[PDB]
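J.: Residue-level listing of the chains:
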Amino acid sequence: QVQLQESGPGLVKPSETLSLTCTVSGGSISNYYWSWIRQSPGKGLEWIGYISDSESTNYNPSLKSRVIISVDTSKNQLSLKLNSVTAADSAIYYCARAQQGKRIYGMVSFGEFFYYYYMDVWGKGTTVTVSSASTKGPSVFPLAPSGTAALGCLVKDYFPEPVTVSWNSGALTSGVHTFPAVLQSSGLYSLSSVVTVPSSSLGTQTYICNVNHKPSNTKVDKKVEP
Amino acid sequence: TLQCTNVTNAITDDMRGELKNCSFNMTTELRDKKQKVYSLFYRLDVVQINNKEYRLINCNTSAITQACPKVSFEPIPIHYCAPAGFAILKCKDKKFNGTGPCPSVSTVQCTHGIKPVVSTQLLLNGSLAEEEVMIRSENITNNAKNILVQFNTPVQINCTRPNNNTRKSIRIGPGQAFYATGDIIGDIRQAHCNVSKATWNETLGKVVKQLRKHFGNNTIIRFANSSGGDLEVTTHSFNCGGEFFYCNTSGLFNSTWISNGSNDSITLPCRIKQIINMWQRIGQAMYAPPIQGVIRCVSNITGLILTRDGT
Amino acid sequence: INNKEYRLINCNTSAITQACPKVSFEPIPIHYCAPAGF
Amino acid sequence: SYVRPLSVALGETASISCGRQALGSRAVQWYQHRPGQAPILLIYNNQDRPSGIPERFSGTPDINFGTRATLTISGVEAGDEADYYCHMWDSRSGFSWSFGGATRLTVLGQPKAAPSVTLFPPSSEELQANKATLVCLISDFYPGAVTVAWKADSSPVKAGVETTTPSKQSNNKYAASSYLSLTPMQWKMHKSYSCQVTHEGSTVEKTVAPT
Ligand SMILES: *[C@@H]1O[C@H](CO)[C@@H](O[C@@H]2O[C@H](CO)[C@@H](O[C@@H]3O[C@H](CO[C@H]4O[C@H](CO[C@H]5O[C@H](CO)[C@@H](O)[C@H](O)[C@@H]5O[C@H]5O[C@H](CO)[C@@H](O)[C@H](O)[C@@H]5O)[C@@H](O)[C@H](O[C@H]5O[C@H](CO)[C@@H](O)[C@H](O)[C@@H]5O)[C@@H]4O)[C@@H](O)[C@H](O[C@H]4O[C@H](CO)[C@@H](O)[C@H](O)[C@@H]4O[C@H]4O[C@H](CO)[C@@H](O)[C@H](O)[C@@H]4O[C@H]4O[C@H](CO)[C@@H](O)[C@H](O)[C@@H]4O)[C@@H]3O)[C@H](O)[C@H]2NC(C)=O)[C@H](O)[C@H]1NC(C)=O
Ligand SMILES: *[C@@H]1O[C@H](CO)[C@@H](O[C@@H]2O[C@H](CO)[C@@H](O[C@@H]3O[C@H](CO)[C@@H](O)[C@H](O)[C@@H]3O)[C@H](O)[C@H]2NC(C)=O)[C@H](O)[C@H]1NC(C)=O
Ligand SMILES: *[C@@H]1O[C@H](CO)[C@@H](O[C@@H]2O[C@H](CO)[C@@H](O[C@@H]3O[C@H](CO)[C@@H](O)[C@H](O)[C@@H]3O)[C@H](O)[C@H]2NC(C)=O)[C@H](O)[C@H]1NC(C)=O
Ligand SMILES: COc1ccnc2[nH]cc(C(=O)C(=O)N3CCN(C(=O)c4ccccc4)C[C@H]3C)c12
Ligand SMILES: *[C@@H]1O[C@H](CO)[C@@H](O[C@@H]2O[C@H](CO)[C@@H](O)[C@H](O)[C@H]2NC(C)=O)[C@H](O)[C@H]1NC(C)=O
Ligand SMILES: *[C@@H]1O[C@H](CO)[C@@H](O[C@@H]2O[C@H](CO)[C@@H](O)[C@H](O)[C@H]2NC(C)=O)[C@H](O)[C@H]1NC(C)=O
Ligand SMILES: *[C@@H]1O[C@H](CO)[C@@H](O)[C@H](O)[C@H]1NC(C)=O
Ligand SMILES: *[C@@H]1O[C@H](CO)[C@@H](O)[C@H](O)[C@H]1NC(C)=O
Ligand SMILES: *[C@@H]1O[C@H](CO)[C@@H](O)[C@H](O)[C@H]1NC(C)=O
Ligand SMILES: *[C@@H]1O[C@H](CO)[C@@H](O)[C@H](O)[C@H]1NC(C)=O
Ligand SMILES: *[C@@H]1O[C@H](CO)[C@@H](O)[C@H](O)[C@H]1NC(C)=O
Ligand SMILES: *[C@@H]1O[C@H](CO)[C@@H](O)[C@H](O)[C@H]1NC(C)=O
Ligand SMILES: *[C@@H]1O[C@H](CO)[C@@H](O)[C@H](O)[C@H]1NC(C)=O
Ligand SMILES: *[C@@H]1O[C@H](CO)[C@@H](O)[C@H](O)[C@H]1NC(C)=O
Ligand SMILES: *[C@@H]1O[C@H](CO)[C@@H](O)[C@H](O)[C@H]1NC(C)=O
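Protein chains in written order, with PDB author numbering: chain H, 1 to 82, 82A to 82C, 83 to 100, 100A to 100R, 101 to 125, 132 to 211; chain G, 128 to 141, 150 to 185, 188 to 309, 312 to 321, 321A, 322 to 398, 409 to 458, 465; chain G', 184 to 185, 188 to 223; chain L, 6 to 67, 67A to 67C, 68 to 95, 95A to 95C, 96 to 210. A prime marks a further copy of an entry chain.
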């Protein structure tokens, strides 16, 4: 019923304000708590901050001096602004709904209670890279094939991660296998997607490979045939 | 000289200072070798120096002697007896004022069992009247003489110190051991007392009926809280399981009654002292050792100690 | 103490009081008596 | 933060102890997290678990002080491999900003799985661009650890090759890639090129040639 979806630049220059957004589907935004969480490679889950239903804010002292969380009730969008970014700021940034829990151990008259928060529904994540290096769209090449056979689509030399790949604009889904990228010494990722289709399908079920790389707004298509 | 910090529980504002975590240099079993130890102290047992330095409350007025921790503070009924050739006469008048010709008299070798309970404002675990609720002063028309009321029905009261304390012995000298407060296992809560709101309203009304006979069926009498004085007298001070509570009673004397709840109870926030001073003397003070575990005593209020101001 | 440092045996358990050196430790015969009527 | 590894045999019951013990009454949340994916709140109030989580995930209630907070996963399966976080809140300590350490659960006794090597020759478009890349795609293997060896004809090739570290597929098997970059003249001047993928005790080969 309630789903969240992040959105970000993917690549941001050092010493510059990073900015992300998050959209709530199904529910409202002014009647729930929302938290921003990130996770760097090698570093664990880090709680950045949260915002209330009354839009009251509270930041982790880890990065208190440079984080600004907001909210726009006009259409269930809440934003995040982290400035003075560094190489260590690159991570997957998640967006989650926080539920308030009031643990009571003594007398509520004497304040013998404390509040805890727990995130019960998260987004999917936005990858963000902090690098002086520039963006570059990928080159796409067809890997023509030869019980069944296997064809593929080669996505080489892009930056930064990631790249989405669908087959037949989303129609082909069974037997698809997109492989994790490779960071070559040049500094650019090269991907590869491969589907396993019946042999007789070669003549002539068209196979369109859909490559998308948002940090360069460079989508492309390509067809494979022996 | 005590170096003290607040002890845990980032709780409601200005209740963290109510108990402190204090470290100090203490003598050992060797006269020339010091030791750095720490103890938990209640706020009422320390004062500042003006930094986070503190000292025990009694150090500028009195010497201090800690109670031998094996002696029980629990009152045991005492019977007072007269020597041979003397006699005790008891006034069996069920509506006896305390003075004047008692019509019903008996003699006894010893008085009934009397517990040496020292409390303030509210009289605990005492004897109950058989009819009505008597009111006794020597000059009731004088406002400077304390009015002593005595219930016939017992209005119960439940007190507790929920904090699970630990006692830590500290060798301050050969043969001498100071019993410090180790730490608190579990939550840091507030010591308090419960008295059923229903029974305390009824019982506070019977006092009003008998107060009328000395001030008029038409006059209006009011109950207000204490008007100052030492801490022992501005609160329902008493001993419970070994600790000396000091209960705010503004929730018990905040009522105005005219000429002519039922579910919950009223709660009384109590504070706790360990260094308690002697009542009619100075220079002598007692350190009550820390009681381990959770404390809860159940007793009856059987009387009061009121005072008129001279509506 | 664990060097050549030492302490008196009693220092960690008891206080200590030296006997007034003028009092004799030599036992003198005691006679126990009963009150009149016993 | 640091990571504490735990190993549980396939089918057994996992006992994940919390990183920090409580000073007072507690309210501990348990999160499941496989890197590269959104965490899954397993238990919020000490033992309360949200909907969509089987009864085999259980937490310890705060009845009497002293009992430690432990997440118990019964009948452990290969899917239960992830990082498990203990978000600890108690009445004595402050606001729990940190999620804590990380218990890295690995499930032992999974069935061994053999790779699915697939080698592609350089596309004509890439060769037309005066470049050429051999892509060797390995999948469906467990344990997730392989070794690749590229050979030009019979001599071994070691320069210009990049290889992915294995990554767990959605079916709990692992996948790896390997890219050999060579000039379009090196591709023609040799008879054939091979990708030799060694997994566990054995090695498997796929060969491709410019025909
Ligand atoms: C003198 O007078 C004094 C004044 O009267 C008096 O002080 C009283 O002291 C006692 C004890 O010292 C205090 O009792 C405590 O009360 C706590 C609060 O309990 C109340 O609230 C809970 C929770 O309420 C939320 O959830 C329910 C649904 O579950 C909703 O209906 C509520 O509306 C609320 O939810 C909304 O609101 C929240 C915020 O407001 C929102 O965040 C939320 O999203 C929602 O919007 C109720 O469940 C309680 O109901 C129970 O009690 C009633 C009677 O009131 C009974 O009908 C029945 O038995 C119900 O079960 C209640 O209304 C208690 O939580 C606390 O007990 C816990 O803590 C102690 C120590 O910390 C533990 O040892 C104990 O085991 C309990 O832990 C359990 O619960 C916690 C909390 O969930 C868990 O984290 C924990 O793991 C454990 O769970 C286990 O047990 C659960 C049941 O016990 C079970 O559910 C789990 O599955 C698991 O098995 C304690 O009892 C009392 O508050 C004082 N009075 C006042 C006014 O403060 C004093 O005693 C007198 N006497 C003297 C001094 O001698
Ligand atoms: C009152 O204040 C004293 C300080 O005078 C506190 O004592 C100190 O408490 C800390 C925290 O527990 C101790 O550090 C711990 O040591 C253990 C054992 O190595 C380690 O596992 C922990 O990670 C932590 O580092 C410290 O040793 C201790 N020092 C002394 C002299 O006792 C005390 O906790 C305070 N008590 C209360 C109730 O606030
Ligand atoms: C008024 O009188 C009653 C009873 O005459 C007193 O209650 C008594 O309180 C003491 C300490 O609070 C109890 O001793 C405790 O016993 C428990 C259980 O055995 C033990 O765990 C403790 O360590 C401690 O020894 C005693 O049992 C209890 N008596 C009864 C009959 O309940 C009450 O304290 C008196 N009130 C005042 C203000 O003196
Ligand atoms: C603190 O007293 C002493 C300290 C040192 N040497 C002493 N030598 C006689 C003392 C008296 O007996 C006395 O003054 N006491 C005070 C009142 N008291 C209580 O129990 C009580 C205290 C506080 C609140 C409620 C009740 C009886 C007794 C302890 C005395
Ligand atoms: C107060 O704290 C003490 C420990 O500081 C608790 O004593 C424990 O009691 C349990 C009984 O279930 C025993 O199994 C433990 O061995 C005891 N530990 C120690 C160190 O003595 C005591 O139960 C606590 N009291 C309350 C009411 O919670
Ligand atoms: C004070 O505490 C006592 C006991 O802890 C309470 O008396 C109990 O009342 C219930 C009523 O349901 C009875 O079932 C129990 O048998 C009683 N216990 C005893 C030992 O008598 C009393 O109600 C409490 N009063 C207040 C004002 O808190
Ligand atoms: C203890 O806490 C109170 C309330 O927050 C504060 O005013 C006081 O300065 C604190 N004292 C120490 C020694 O930290
Ligand atoms: C104990 O004495 C030393 C001096 O030797 C002093 O520095 C220290 O502050 C003292 N300890 C306390 C708790 O005051
Ligand atoms: C002892 O010090 C306290 C500090 O609060 C002060 O109020 C009290 O008057 C002092 N006592 C004497 C006898 O000077
Ligand atoms: C006490 O009661 C007796 C009853 O005869 C009465 O004579 C006396 O005046 C009363 N004293 C006071 C102070 O009310
Ligand atoms: C009682 O006090 C009043 C004034 O307060 C006084 O007039 C009266 O004489 C006193 N009664 C006795 C018996 O002393
Ligand atoms: C006061 O009222 C009571 C009835 O409650 C009555 O018995 C008594 O005689 C009255 N006294 C006066 C002086 O009015
Ligand atoms: C009596 O009540 C008043 C009302 O606020 C309060 O200011 C005062 O501190 C109370 N006195 C005592 C001794 O509790
Ligand atoms: C007693 O309680 C009342 C309210 O219940 C509070 O206003 C007052 O300050 C308290 N007395 C003291 C001495 O703190
Ligand atoms: C005192 O020290 C001696 C050292 O030999 C030791 O045997 C003894 O147990 C100690 N006494 C106490 C009460 O710890």
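Hints should not be assumed to be uniformly reliable.
What the hints assert, rightly or not - Result set (SDA-like, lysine to any residue): computed pairs, CA atoms no more than 25 Å apart in a straight line: (1) L:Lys-130 to L:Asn-171; (2) G:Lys-171 to G':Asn-185; (3) H:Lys-81 to H:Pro-41; (4) L:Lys-167 to H:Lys-99; (5) H:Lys-64 to L:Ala-43; (6) H:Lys-99 to H:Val-182; (7) L:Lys-167 to L:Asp-53; (8) G:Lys-171 to G:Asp-140; (9) G:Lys-155 to G:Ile-184; (10) H:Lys-208 to L:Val-106; (11) H:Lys-103 to L:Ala-43; (12) H:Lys-103 to H:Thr-133; (13) H:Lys-99 to G:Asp-140; (14) H:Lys-43 to L:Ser-180; (15) L:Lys-167 to L:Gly-95A; (16) L:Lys-111 to H:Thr-163; (17) L:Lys-205 to H:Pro-211.
Everything labelled a hint here was simulated from the structure, so no lab data went into it.
J.: Each hint should be assessed against the structure and marked as holding or not.
T.: A quick look at each hint next to the structure:
1. Annotation: proposed proximity of L:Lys-130 to L:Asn-171 is violated, straight-line Cα distance about 35 Å (limit 25 Å).
2. For the hint pairing G:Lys-171 with G':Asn-185, the CA-to-CA distance comes to about 21 Å; that is within 25 Å, so the pair holds.
3. For the given pair, H:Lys-81 sits about 21 Å from H:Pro-41 by alpha-carbon distance, which is consistent with the 25 Å threshold.
4. A C-alpha spacing of about 39 Å is found between L:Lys-167 and H:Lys-99, which places the hinted pair above 25 Å, so the restraint is violated.
5. This hinted pair checks out: H:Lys-64 and L:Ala-43 have alpha carbons roughly 24 Å apart, not beyond 25 Å.
6. Our distance criterion of 25 Å between C-alpha atoms is broken by H:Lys-99 and H:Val-182, whose separation comes to about 55 Å.
7. For the suggested pair L:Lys-167 and L:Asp-53, the alpha carbons sit about 30 Å apart, so the restraint of at most 25 Å is broken.
8. As the CA atoms of G:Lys-171 and G:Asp-140 are separated by approximately 30 Å, the hinted pair breaks the 25 Å bound.
9. With a C-alpha separation of about 15 Å, the suggested pair G:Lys-155 and G:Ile-184 falls inside the 25 Å cut-off, and the hint holds.
10. Between H:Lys-208 and L:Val-106 the alpha-carbon distance is near 41 Å, which puts this suggested pair outside the 25 Å criterion.
11. Taking the CA atoms of H:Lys-103 and L:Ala-43, the gap is about 6 Å. The hint holds against a cut of 25 Å.
12. With a C-alpha separation of about 34 Å, the suggested pairing of H:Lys-103 with H:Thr-133 is violated against the 25 Å cut-off.
13. Note on H:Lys-99 and G:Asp-140: the hinted pairing holds, with a Cα-Cα distance of about 18 Å set against a maximum of 25 Å.
14. As the CA atoms of H:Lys-43 and L:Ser-180 are separated by approximately 33 Å, the hinted pair breaks the 25 Å bound.
15. Of the pairs offered as hints, the one joining L:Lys-167 and L:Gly-95A is violated, with about 38 Å between alpha carbons and a cut-off of 25 Å exceeded.
16. Straight-line distance between C-alpha atoms of L:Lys-111 and H:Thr-163 comes to about 23 Å, which keeps the hinted pair within the 25 Å bound.
17. Taking the CA atoms of L:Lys-205 and H:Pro-211, the gap is about 19 Å. The hint holds against a cut of 25 Å.
Of the numbered hints given earlier, the model fails hints 1, 4, 6, 7, 8, 10, 12, 14, 15; all others are met.
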